[PDB]
Every structure is written in C-alpha cells, then in structure tokens.
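This document opens with one chain alone, in structure tokens, the form deposited in one PDB entry.
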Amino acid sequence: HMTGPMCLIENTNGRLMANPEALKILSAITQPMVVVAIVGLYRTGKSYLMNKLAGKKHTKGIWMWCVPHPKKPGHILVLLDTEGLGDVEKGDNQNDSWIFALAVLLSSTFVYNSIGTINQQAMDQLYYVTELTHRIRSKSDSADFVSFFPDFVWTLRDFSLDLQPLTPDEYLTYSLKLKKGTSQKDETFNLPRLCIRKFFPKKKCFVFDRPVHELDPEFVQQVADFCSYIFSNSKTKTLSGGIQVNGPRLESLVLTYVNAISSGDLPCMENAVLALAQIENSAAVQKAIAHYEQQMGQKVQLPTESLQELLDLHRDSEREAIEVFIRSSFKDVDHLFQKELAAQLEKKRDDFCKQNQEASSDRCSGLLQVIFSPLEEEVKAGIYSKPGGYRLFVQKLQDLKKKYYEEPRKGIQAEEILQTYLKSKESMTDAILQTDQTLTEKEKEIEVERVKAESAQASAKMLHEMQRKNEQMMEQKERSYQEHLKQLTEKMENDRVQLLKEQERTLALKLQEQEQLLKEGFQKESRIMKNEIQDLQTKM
C-alpha cells in the first residue's frame, strides 16, 4: 500500500495542482473512506499525531496518507495533512485560505492543532475560519455549512494550564463564548467564535503535555486517548443523500474543487455532487444494459413457443435491469439517464421480437420441406393421377398437416408459414380433384367449396392472431412504462425520507445553538439563527 504520505494538492508559487499520481491511487481505492484532516503550523508537531493515526512505528499543500482503517474493516482511513500553512508568510502564501477551505470540504473530521492555550494569538492564527463564507458555496448560504461540515477537533500541544473542575471540552466551550458590546474589536473577537460554533456539527478538545522532560507516560496516554477517539468516532465521509465517499468519488471532489478555484470560481458542494452524478449515472445505464443482455442471453432460445413467452422473459430482465440502474444512480436530474435506459431497453425488445419472427420462419420453412417434400415428389411422379387419386391425396395431406402441427416449438410463424404453403399448392390440388374420374360433378363442386371455406377460416384465424399480437405489444409497452415509474417513485420516496432525516439533524443542531445564544442573552445572533431555522423549516 502507501509507504508514506504523498502530495495530493500541491501549492507552489500561487497555483493549486492536483497530483495525478495521487489521484491514480485514489481511483483504485474502492472502499469507503473515513477522512481526517490534520491542520496547523509545522511547529505544532501535528506530524507526530499523523504518524500515530497512520499506525506508523518541502512541497506545500495537502498531503494524503491512505491506510486500512484499524477498527473499521472494509474501510480506508485517509489522513490529509496541511504542509506549509502559515509557514511561508514571506514567500508564496497566496493559497493558504484555499488550503484550509479544501481541508474542510474533503474531510469527515477536522483536527486543528496549536500550541499552549486558546488566547488572542491562537484565534488570530485561526483567521481562516472567518473566510469560509467567502470561499465555500453550498448551493448551485453559510447557513447550510453545518449539514455537511466535518466534526471539529482542537488539539492543544504543550498545554500550560492545569484544568469536573474543568475538562478540555469545557475549556473549549468557555473559550468560544462571545463578548457583549458592538465595538469593532469585539466583533473581531466574536467572528471566529461564531464561525466555529455555527459551522461545525460537533466540537471536541484534547490537551497534551510535553513529550519529554522514552517519552513521559502522560503524553503517550493522551496521544493514545486521541487516536482511540478518532478510530472510534470519526465517520465515513458522506455527501448529500448519504452517498459514501470512496477513492474515485474523492478523486472527483478534488478535481472539481481544484478546477473551480483554478477557474476563478468558488468550490461548490452541490456542483461536486452533480458532477459525480454525471459519471456514475452514465455508468449505471451501462451496468443495467449489461445485466439485461446477460439475462436475455441465458434465458432466451429463439424461436420461443409464443410471443407471450418472449415478452415475459423481456419483462423480468427489464425489471432487473431497472433495479440495477436505480441502485447505482443518484441525482438523475430531469430523469435523462433513465429515459435513455428506457429507450435502449425498448429497442432491445423490438430487436428480439424481429429475431424471434425470423427464427420461427426458418424453423417452420425447414420442417415444411422435410415433411412435405416426399408428397411433392409423389405428385410429380403422377402417383395421384389415377381413379380415386384425390381422396388418397387429401388423406395424405391431412396426415402431414397433423405431423407439422405436432412438431415442437415452431414459434409464432407456424400458421402463416403453413397456410402460405398450402395456398401455393391449391391449384395443384384442384387439378388432382378435377382429374379424378371417380367423383361426380356435384361432389367436386362440394369439395371445391369446402376447401374454399377451410381457407377463409384460416385467413380468419391469422387475422385475429395478428390483432392479438398487436394488443400484447401495446400491453407490454404500457407495463414497461409503468415499471420505470414504479421503481423511480420508490427511489424518490427513499430519497425524500433520507433528506428529511438530514434536515431534522440540522434543525436539532441549530436549535441547540440558537437557544444557547438566547440564554446567553445574545438576542441579535439568536434571532439570526432563528431566521436560519425558519428558512430550513419552510423547505422541510
């Protein structure tokens, strides 16, 4: 696997470049990923935390380190590390805010590292958080941030304070309290705190003692308690609709967000999802058609006994093909991909019906030759050109028709093939009749009429069967149309339920924060969040 971290998004002299070698690696990782970003200056020694998380034991931008997840089988742990952030203020530091924002968009958990305590200097260095509303777009809207942002973790290295009397989380909570008053310096003080409190769904704080002065036990145990928390609490990275992010999906997100920035636009979460949808829905149609071809290829043997047998085989294969498509697609705006699939499946049906007709014709035409050729040679030899020859011919003929009808699985063309054959021999048959000197004129007159009636009956049947087939085709067409709608409607219902669950989650989180601000007496901010809550509830 990966021997060590690799640069994923390079940041050099003002341009952001997705490393093709890193993407290639991502494109091959099919398993779902838990993505943890480790952010901060080099001096923070966050590099140690990264090695511990990777289970282990310069070019700027975002480095990645993919390893199997230690506690989640079938999942990959993706560590994202910021290199050079705030470390080149006298050099090429023009992309620092973009790097911070990208770490937020790509992760499940966002670990921010700093040294000492949370003081004025600590907050100023975290100014990037106040630029998120200007560097990230939710809809194709910072109020939606909490619905997709990673959980926030603040690690304090070499914690100098001595804190229950005061736990780390309580320390962080107090550190995030706002200042009353409307002075400029106050708004400056409150901005980053408001951003942290309103943008991230969960917050967690960890403090660490100095490593040395082996390493001091307390430190080793704090790092262990940290890694354990991440291994057990960090969630699989997901996008709207509960889409779980794996390698190809992460690759897509990186390209979309980086291309957006390099194009002078803002990285947009909804756009990233729509881009992924174009790729995966196209693939879903292919997978569905492939499944259809496979099933029909193993279950269909032309000619079929009847048309209904063919239509029923197509009906089952089509139902399964649609299930495959529905399961593998998402955000099929205007249902364009499904409409394409429907068109392709209808063409498949028509082709199979044409082939079925051709196969039946071949089979019957062959049996016709095998069964009736002898009689044809007897007639030519003049075996029936004798007294009473007509009645021996008619009986022989009837016996052969019976044999023909007894042949198995002749297909839908059985009747048409035989009648067309008999029609062509009608003249030859009449000759034998009119030539048989043992029959009275009246008897011949009767025979001619019988054959005439028998023929009209036949044409009658074929006409009916032709109308019947047209009805069966129009029927199956309606069934297919209704089957596509049935499965789509079910999927949309499941999507509706999933979205509601997501919105209820967001609502509960916003209510908790909103009420806190209220109790803390921050009327203005509380009302602002009340407005955010109202917009959400209307949409719900």
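Positions refer to the first chain, counted from 1. For the two forms, the rigid core is made up of the largest set of C-alpha atoms that agree within 1.5 Å on superposition. First, how it differs from the form deposited in another entry.
- In the core-aligned comparison between the two forms, the C-alpha of 380 is the only one from 177, 299, 380, 134 that shifts by 2 Å or more.
- Relative to the superposed core, residue 334 undergoes a Cα shift smaller than 2 Å between the two forms.
- After superposing the rigid core, the C-alpha of residue 312 moves by less than 2 Å between the two forms.
- Annotation: Cα of residue 89 displaced by at least 2 Å between the two forms, core superposition.
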Given for the second form:
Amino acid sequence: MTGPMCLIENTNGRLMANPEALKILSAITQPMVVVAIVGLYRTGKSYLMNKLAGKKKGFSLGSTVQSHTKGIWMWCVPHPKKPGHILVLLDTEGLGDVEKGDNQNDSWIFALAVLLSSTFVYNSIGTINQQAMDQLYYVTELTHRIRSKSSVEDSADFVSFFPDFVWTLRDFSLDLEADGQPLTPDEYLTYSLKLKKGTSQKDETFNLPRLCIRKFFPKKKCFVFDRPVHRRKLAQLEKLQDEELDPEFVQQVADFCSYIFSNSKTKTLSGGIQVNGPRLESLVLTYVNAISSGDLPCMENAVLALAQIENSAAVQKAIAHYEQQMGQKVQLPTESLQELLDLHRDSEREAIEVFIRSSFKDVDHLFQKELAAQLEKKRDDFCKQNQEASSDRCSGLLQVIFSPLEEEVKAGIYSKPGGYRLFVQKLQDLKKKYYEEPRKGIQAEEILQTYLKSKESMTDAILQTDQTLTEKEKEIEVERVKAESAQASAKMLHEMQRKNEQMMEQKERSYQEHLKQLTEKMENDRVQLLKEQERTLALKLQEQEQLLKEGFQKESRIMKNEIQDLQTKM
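Return the form deposited in another entry of this protein as a structure block, the form deposited in one PDB entry having already been given.
Below you will find a single chain and nothing else.
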C-alpha cells in the first residue's frame, strides 16, 4: 500500500465496508498487528498514526479547529520490528463531545476499533480530569455495543479478548512532581484511575469509567506528549523537521512508537487463531453487517462465521489431498484388495490430518462428517474402477490363454486315442499360466471359475471318447474332476468372503481414524482454552487485589464474583 485507504465508510448515518479495501485485505496472508487510534476530533490522531507508519504523507491531516477524518481508514505496512508480520494502522473519525449530540456513529466507530485491534490507543488533549473522564462514556457504553457470546455480566468476558489500552495525552501540562521523585506517566495513569469512596450518584459516575478501563482491558499504558511547537506553528507541524519541534516531544513520540513496535501483539481470536488479511476481512464484514442489521456485533458469532468459511475450505483441501495422493500411488488393477485399501487408509489419514490442522470450531463435527461422507464416496469409486480393471484384465487373459484350447478341442485335436491325457496336461498348464500372470486383480478366481464351470462338459466329452483308458480309469477321472471343480468353487467362494471381510475391516478402521484424530484435536482445543481462561483468571485476580489494596471491598468482592463464574466454565 503506497498510502492509506478507507476501510469502513460512514455516509448518511450508515457504516459500510469498502469493497476495494476488503480486496486488498484478501491478498495479505501474513499475520497482522493491528493498532487503532480513537479520540476527540482535532487532537492530532492522524498525525501520530503517521509517525507509526514512519513516514510523512500518510493519513490526511485536518486543522486545529475543524474535523477531518471520516469513517475508519487503514494502512497496511511492513512491521519494522517483526519480519513476516504486517502492521495494520487504523485511523478513525474524531469523536464529538456527546454533550453536543449528533455524530450518530461515534459509539460504533469506537466499538469497531476495539473489536478489530491488538492495541487500542485513546488520544486526548490535556490531563486526566473530570472533563476528560466524561468523554470516556464511550468506553462505559461498550457494554451496550459489544456482545462476547450469543449462547451486566457479558462484559465480564471483555478482558479475555479486548486489545491492550494505551492513553496518549497531548499538550500535557503537568510536571508530575511528587515527594522524592516525579511520577512516571504510567504511575500517573494509575493515580488517575483510582476510585472514590461513596455510593452517591456523583461517586458512581466518577468510578464507572475508571472501573471500565481497569476491568475491560487486559493491559494499560500511558504516554504524555508536550506541545510540539509554538501555537503559531501547530498548523504547519506536518511540514516541519524534527529539529524545529520540541526535542522532548520528538523523543516522546519515538518512545511511543518503540513501545508499539515491541509490545503490540499479533491480533488473535479465541483458540489462538492469528488474524491475517482474509481473517480481518471476515471480521470487518461480520461486525459491520451486524451493525447495519440493527444487531450488536458479537465476537463469538464472528469467530463462528470465520469457522464456516475456513472449515468449508478445509474439507475441500482435504479431499483434494486425498485425490492427489491416491492418484499418484494407485496402479490399477491392484495386486490385491488389501493393496488398494492400504493406500486408501494412508491417503485418508493424511486427508483427515489436513482437515484437522486447517479447521476450528467444527461444532457437532458437521464438517468432518461431510469430509467422511466424501471420502467414502471417493473410496467406492476407486473400488469400482479397480474391480472393472480386474474384470477387463482377467477376461482378456481368458481369451488369450484358453480360447486356443477351446478351438483345438472343437477342431478335434484331442478326440484321438490318448487325447485325454494330452488335454488334461494342456489344461493344467494353461491354468498355471493364468495364475502366474502378474496383477490380475481381485476378480481372478471368480472370472476363471465361472469360465471353467461353464465349459465343464468339455472335459467329460474328451474323457469318454478316449479308448486308451479303461472304464475303471475313467470312473477315477470323473471323481478327480469333480473334486477339482469343488476346489475351484472354494477358491472363488473364499475370494468373495475375504473381500467382504476386508471392506468391513476398513470401514471400522476409517471410523476409528476419524475418532482418533478428532479426540486428539478436541484435547488440544481443551488445553488451549484452559490456557486462555487461566490468563483471564490471572488478570481478574490481579484487579481484585488492586481494588482490595486500594481499599474498595464492594468492588473487590464483585471481582470475586466474576472469578467464580469464570471457574465454572473451566
């Protein structure tokens, strides 16, 4: 991207995804660290975001008195500290002072920034006083804009998926002086979010936004920035060189950028899923569609929506893998059914592995069941092709090997004295030849036996004709031939029975292979979820302790409540 592009348009009160932007996202396959900035209009948000892009000329800037950015803009640039990663910068339409009304989608822009980011930067001018905290109603209001799941307490889940929070304070006017040594900006943020005792409406209003920031975001950070230049040059800031700006401001910006580059994490969804272009595109579509539908954007629903897409593709990818492996290894007709089934089993195992590693949230295992159904059909097709190839080969061999004999018999070559011995010897030699032919396939015994049985009268015809054989000797031969026919029948019957057994055995083995890989994936998913829950537990215990140490039992006890509820889910 040579420059930023609008990702979400905001026109006539409607938010809509920019198709051109979605197209760009579909092409970025690398993991993304998403940093979004929000705050009152004209507070230097776009200017600061251009610093992260590390380039002049990026997001367009406005004046110090008029709003500029509209909707949500994105700029995907290579991450300067993480090779193989993309840094996605989201610049947003400046918030208005609610105590003025209008600006309908302010809250939604704010909520989308929270849902789409890895790091959420709240930018304001001044200090953290009552005036500043009143504007944070936008954070308090998140409980009315975002839903964690669809299956006063839903917000208890926010800390598990919300971005890290960074408060950037512009034109900072405090020296932060304190007994001994000055407060650091992070200590100043802690000081600023401390609660006030009391149950009055005023007390509740003071504590609410502070509690929301402390409880909804997993990590908080603060950076202060001095006035960049003299008031008469603020409007030319973009064209000024670092040497023309306050040295401390230049260093503060450098420290902010360094922190972002070193601490902002790859955007992740439940299950450790790392968000890349196609995945972010899905989230944008789902959340914006929800808002456009008059519904609340829901994290759970978005993950599931993403699952639907990737799981469908996973089934197709697995089937493709199966077809490829079978095609590269099969030689028809196969020497035996075991040969074909062994190849099928191996290809199927690899295909299921492809599906398992490419899928997630396959509720009710519906997608894996679909895969199983498709592989079974594929297996049936190969089996049919194999039997057909065998039938063709064996019937062909029958023509090549036995036809000459049949014709000799019809020509009377064996109807002379001593012809029976010559005939039986020739027939045995020909049956041996048939059996020694390579890769006849699974129909070898059935094709031969059916033929030999249909021509049974031939043997008797030659026998009774030969005069060089006594009647007793002929009686012996008739019984010998009857015994050989019965043995040929047994070979055909066993061939039939064994094939059925092998098919049944393969059916059971395939079922067990699916179960094995599924059980293993479910186990891995359980471990990953518990790990995520343990992190949330750690974050909530931490806050509970801070609240108690701060002297607030009423709020600290409320935390213990959320902790108990989390533990019922573990």
